Amino acid sequence: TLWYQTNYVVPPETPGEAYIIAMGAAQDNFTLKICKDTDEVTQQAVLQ
Amino acid sequence: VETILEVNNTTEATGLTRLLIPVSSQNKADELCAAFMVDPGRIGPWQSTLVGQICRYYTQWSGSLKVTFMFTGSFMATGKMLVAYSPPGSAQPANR
Amino acid sequence: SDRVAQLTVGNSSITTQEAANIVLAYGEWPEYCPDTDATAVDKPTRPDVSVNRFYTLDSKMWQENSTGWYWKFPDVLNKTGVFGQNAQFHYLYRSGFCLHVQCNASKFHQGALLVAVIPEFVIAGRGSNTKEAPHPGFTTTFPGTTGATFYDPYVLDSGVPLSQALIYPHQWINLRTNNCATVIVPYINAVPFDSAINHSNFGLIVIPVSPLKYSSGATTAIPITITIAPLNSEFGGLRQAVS
Amino acid sequence: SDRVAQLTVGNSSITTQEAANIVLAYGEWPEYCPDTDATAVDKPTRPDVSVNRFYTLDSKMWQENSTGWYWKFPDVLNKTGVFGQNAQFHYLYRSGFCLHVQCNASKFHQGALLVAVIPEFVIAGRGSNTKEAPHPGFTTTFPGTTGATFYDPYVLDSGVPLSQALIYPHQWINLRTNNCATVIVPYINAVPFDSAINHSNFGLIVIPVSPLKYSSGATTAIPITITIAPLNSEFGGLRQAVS
Amino acid sequence: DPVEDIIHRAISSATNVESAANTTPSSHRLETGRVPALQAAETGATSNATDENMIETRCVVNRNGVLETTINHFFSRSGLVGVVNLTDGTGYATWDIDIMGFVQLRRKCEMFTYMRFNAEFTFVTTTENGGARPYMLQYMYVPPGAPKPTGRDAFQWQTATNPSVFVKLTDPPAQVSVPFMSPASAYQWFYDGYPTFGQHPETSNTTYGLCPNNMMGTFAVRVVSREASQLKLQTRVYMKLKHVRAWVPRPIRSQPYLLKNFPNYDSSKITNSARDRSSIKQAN
Amino acid sequence: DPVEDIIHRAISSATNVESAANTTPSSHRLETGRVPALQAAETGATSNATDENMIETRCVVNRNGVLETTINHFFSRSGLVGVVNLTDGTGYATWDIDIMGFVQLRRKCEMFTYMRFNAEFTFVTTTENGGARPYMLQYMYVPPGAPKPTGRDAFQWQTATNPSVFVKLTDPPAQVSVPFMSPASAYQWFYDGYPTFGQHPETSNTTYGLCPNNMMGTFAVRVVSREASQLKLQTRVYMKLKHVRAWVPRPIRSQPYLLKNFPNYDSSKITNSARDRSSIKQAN
Amino acid sequence: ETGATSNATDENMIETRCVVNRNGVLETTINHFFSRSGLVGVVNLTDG
Ligand SMILES: CCCCCCCCCCCCC/C=C/[C@H](O)[C@H](N)CO
Ligand SMILES: CCCCCCCCCCCCC/C=C/[C@H](O)[C@H](N)CO
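These protein sequences, in sequence, are chains S, D, F, X, Y, U and Z. Here the first sequence stands for residues -11 to 36, numbered as in my numbering. Here the second sequence stands for residues 17 to 112, numbered as in my numbering. Here the third sequence stands for residues 1105 to 1347, numbered as in my numbering. Here the fourth sequence stands for residues 1105 to 1347, numbered as in my numbering. Here the fifth sequence stands for residues 335 to 618, numbered as in my numbering. Here the sixth sequence stands for residues 335 to 618, numbered as in my numbering. Here the seventh sequence stands for residues 1311 to 1358, numbered as in my numbering.
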């Protein structure tokens, strides 16, 4: 959860709607054990 | 390698708008901006990363993670944000 | 290399990019009670992670006609977290603190706050009686997390002028220079251990000296958040809960 | 020099003058988690006085037709004291215990209790269904400070006979020999840290094997009190309260 | 100089024992104060009276073997854990890998709480009339989270990442080795707890005792063909526990079994551990 | 080898300063980057710009005294703390020892929060027309818990354990020394707290600010006689703070005083700290 | 914006303990990830 600490304070003649791009990765002690197939894929033919 | 989360995965965005989190000037204090689970391998924002797509080829991950927020407003806009991780045992926190 | 700082205490951390400096109150660091100054004969508890961390209070909106605010320490943390549970089961108490008041504003805003730390800050009553006499209520002396607004900030509600109140440990939040004030306070009391429920040691005070002014079109809502943290806290005299 | 003992833990102490011996469960002492077996990357809290002390539960009256009793640990201490507040704010948990069951009776009374410690004691349901099926309620599996009486003590309410239940760590309270049983138990779990709310590690069980008999005129009310104490307890993963 | 009180072993001893214990010769005791026959069972310890101190014994050099009684030689005997029924004409069959369904190997494994082992599976597949028909089979292993196959010729049988075994019915039975695949440090057979947080009910909580550190996946099987052949099959899966370590012994089951995952029994029919006799004062 | 993380100064510096500081000669600065006139008051520190770096100064060997400004020479001046009125014909008079009732010595003591001192009392007793009549007086000191006298010739004046002073009116005034008698380690003049537990009210809590570590007893006085002499008296008590140590300075009072124990003021008449002038742009 | 990822380790964010980590980073290499045979083609032969 992201919370407003104080506010988004802005001077006049400046847009009052800004954005945040959020990123993600893993640290230096990250591992993975058992290899399996992924569920992100479907297929119903042979791709002629 | 840091890749972008889709935190704004609602049914309204429909495009490249899905990658970014809106902020604005609030009338009340204490307010919430966004929220997402911490689960590489679950439906949600982590699914559009290299971590969340390689942890689907593998079972049983382990280790720490990191989330980097970049602010794309103007130069004159100022502010402060609180970014809080809460371990399991309960539901999403209701206030700051 | 001086405007940028990070303060990691416990499992929490505060960043800042527009700071001024960090003030030690009276040149000393909070430490544990030595054996040559202790008077109890039991062993104290020292949790050291679960109670030494940054607790964030609520936010105070700063307006045109604000006359200012005050909290009591450790009154505001007797009901939050595991510090609020160790300060109820235990009769005795000793700690330091590390305070941080955040208030940001743009390049077109102006004003200044006075963030000071007053040891043994006693609230006065407001009557012209020579004995009956008016005395402040319990929610005025010991306000809690919601603080209390001053009635007369010129005399600090204690018959003592603000113009000499820079003898206390303090900083300024000048909106053209910084956005945060940090004061680190040791344990200041005449006894080594004292109760955390009857006796609040000092009081944080944020008073806007020069008022908030902004031209038309700017952001009208300027909040003031306060994030505090105990340091080197230890308790004694285990019993049942008294709030 | 063997029937007399005193057990001082924290700010509390238990004397006894008619004891038998003290049993270490599986020959090992409760200790802290070493660095070669830890899997979390945060620093744990170790209060070490405020949570390591003898907590006295309520008393159970022992009658002619008692079929026996069971508590879950650390279920009974999640709501008492500062151990009950550290086990709610923290996700992780690790401790040992030191148990003590007091039951005195005169020289004209007779009977025997079986005070054992069963790791991972799973309650069974009591139906002849092969799938729906009966399952025990939450106040039967996790009873709390009031315990729960057995329905079928001959099979320990788990389809497993009492006659082989001396493989667990145990003592006897034979009313012609002793009046108290003491069992010291280390941390027995497949993971180094585990939650103190979902998972209760073991269960203390007091079952009268030979029944209480007394001639007419003797004192009819024989209670059984239980005084337990955590040892080398440490917590981790600070968050808000979940009971 | 600072605060001072911030500054401030076991019992058992294992011995490599090869054969059974010997017996040393004894004599007669006529003296007071030294008694080996009087014990106290209330101390939680067993009796330590050896037979040299009760009677007069001789010198026996004992050469009996204590080798077959160890926990490796006791569990390295493969037994049946699951039977998968495949009737072709949905075309496939799955089996959630849970060995608590057959009772010969379950009761041996319920002596202990924590066990850490490797396995060695064997799949004996026959027809319903005895077997031996030259058709080709495929056995996939589906880990938790992987997509289970949803058809006889679906795309999950391409099997580019997870293991699979091709073997005919007329070959010798297939046999693999399986490592310790749990996320914890031991398989626990008794988990006194709940998997999730929340308000747990009183009537029927089907989650009490569910240990998710033991759920290891799904075993799928089909006949590698395009047109649906019409022949009914059964596989039988035999698990051999090897490299096994065990912790925290517990008493053995004495009541008749009911459900796979739950240790239920009926209270209206409790079978006695010892079968009855006429009276207490006669032995036969 | 065990758990590792179980294993895991100041700023100011006092100097003995005898006289005031000197002044070294200076020159002119014509260079960039080095500026002593620019400060930042937001850092909570005072300005450190000395006068050698603002202007061009000369060499002054300064021989002024910084001796009379210390806290021992500032407080070792005895002032009035209490006036006890005795009218004979109940025959005696008491005085709860509280020096917060007279305003010359109170405001000097409100500069600091904690003070640790010895005292030296002096009792100047006169009649109402000036004094000097040869009658004999008795001054008892009643500690907290001791029985206060309840009559002119009661038995509490036997004075077998607690101190007392016999002196006539026509002698020089009596004078004693009094040690640090508090149970804490410092007299605190401002106690932000309540003495007891319980539910504290909202309307009128007369216990807020009461510090029981400062209540030191009762001072009683009578005329040592049997028949009631008829003469009105006043004593005046003068306290001299000696061997004094002080901690935690605070600002000086600027509002007019109201009650002894409570720091009350009226909000309808707040006196300004600086007396007014005509405008800001002229000095006189 | 510098094109680099974050280098903040978890010892510099919170207070951590000493953990001797013994997890395996062997099955995640590109040899153990691709040495698993999968289907690449189906050849249909009808004779007559
Ligand atoms: C082509 C090979 C397919 C067969 C491979 C099977 C591998 C999965 C076996 C995992 C280890 C045994 C499963 C766990 C044992 C017990 O059934 C569970 N603990 C149940 O409580
Ligand atoms: C015959 C001798 C009688 C007089 C002896 C008087 C001794 C008692 C003096 C105690 C020390 C001064 C009293 C305390 C000072 C302040 O009034 C209190 N702290 C009030 O806050």
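To be clear, the hints were calculated from the coordinates, so they are not data collected in a lab. Among the hints, erroneous ones may be present.
Claimed, not checked - A partial selection of chain X residues facing chain Z, derived with a Cβ cut-off under 8 Å:
{"hint": "1", "residue": "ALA1109"}
{"hint": "2", "residue": "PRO1134"}
{"hint": "3", "residue": "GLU1135"}
{"hint": "4", "residue": "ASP1152"}
{"hint": "5", "residue": "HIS1274"}
{"hint": "6", "residue": "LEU1316"}
{"hint": "7", "residue": "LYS1317"}
Unchecked claim - Straight line, CA to CA, 16 Å or less: simulated EDC-like cross-link-like pairs of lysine to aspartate or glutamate:
{"hint": "8", "chain 1": "F", "residue 1": "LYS1147", "chain 2": "X", "residue 2": "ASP1152"}
{"hint": "9", "chain 1": "X", "residue 1": "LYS1147", "chain 2": "U", "residue 2": "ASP339"}
{"hint": "10", "chain 1": "F", "residue 1": "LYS1235", "chain 2": "U", "residue 2": "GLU365"}
{"hint": "11", "chain 1": "F", "residue 1": "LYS1147", "chain 2": "Y", "residue 2": "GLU386"}
{"hint": "12", "chain 1": "X", "residue 1": "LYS1147", "chain 2": "Z", "residue 2": "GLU1337"}
{"hint": "13", "chain 1": "U", "residue 1": "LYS576", "chain 2": "U", "residue 2": "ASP339"}
We put the CB at the ideal spot given by N, CA and C, even for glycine.
Right, here's what the structure says about each hint:
Given hint, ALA1109/X at the interface with chain Z, is violated; its Cβ is 36 Å from that chain's nearest Cβ, farther than 8 Å. The closest approach between the C-beta of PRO1134/X and any C-beta of chain Z is roughly 19 Å, which is over the 8 Å cut-off, so the hint fails. For the restraint placing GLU1135/X at the interface with chain Z, the shortest Cβ-Cβ distance is roughly 15 Å, beyond the 8 Å limit, so the hint is violated. For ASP1152/X, the shortest C-beta to C-beta distance to chain Z is roughly 16 Å, which exceeds 8 Å, and the interface hint is violated.
The criterion of a C-beta within 8 Å of any C-beta in chain Z is not met by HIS1274/X, whose closest approach is roughly 36 Å, and the hint is violated. This hint is violated: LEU1316/X has a C-beta 51 Å from the nearest C-beta of chain Z, more than the 8 Å allowed. Proximity of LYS1317/X to chain Z is violated relative to the hint, the smallest CB-CB distance being about 56 Å (cut-off 8 Å). The straight-line distance between the Cα atoms of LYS1147/F and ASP1152/X is roughly 10 Å, inside the 16 Å bound, and the hint therefore holds.
Of the pairs offered as hints, the one joining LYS1147/X and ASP339/U holds, with about 8 Å between alpha carbons and a cut-off of 16 Å not exceeded. Restraint check for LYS1235/F and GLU365/U: the C-alpha separation of about 67 Å exceeds 16 Å, so the hint is violated. A distance of roughly 53 Å separates the Cα atoms of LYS1147/F and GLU386/Y; the hinted pair therefore is violated under the 16 Å criterion. Annotation: proposed proximity of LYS1147/X to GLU1337/Z is violated, straight-line Cα distance about 30 Å (limit 16 Å).
Only pairs whose Cα atoms come within 16 Å are accepted, and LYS576/U paired with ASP339/U is rejected, the gap being roughly 50 Å.
Going down the numbered hints, you'll see the structure goes against 1, 2, 3, 4, 5, 6, 7, 10, 11, 12 and 13, while the others check out.
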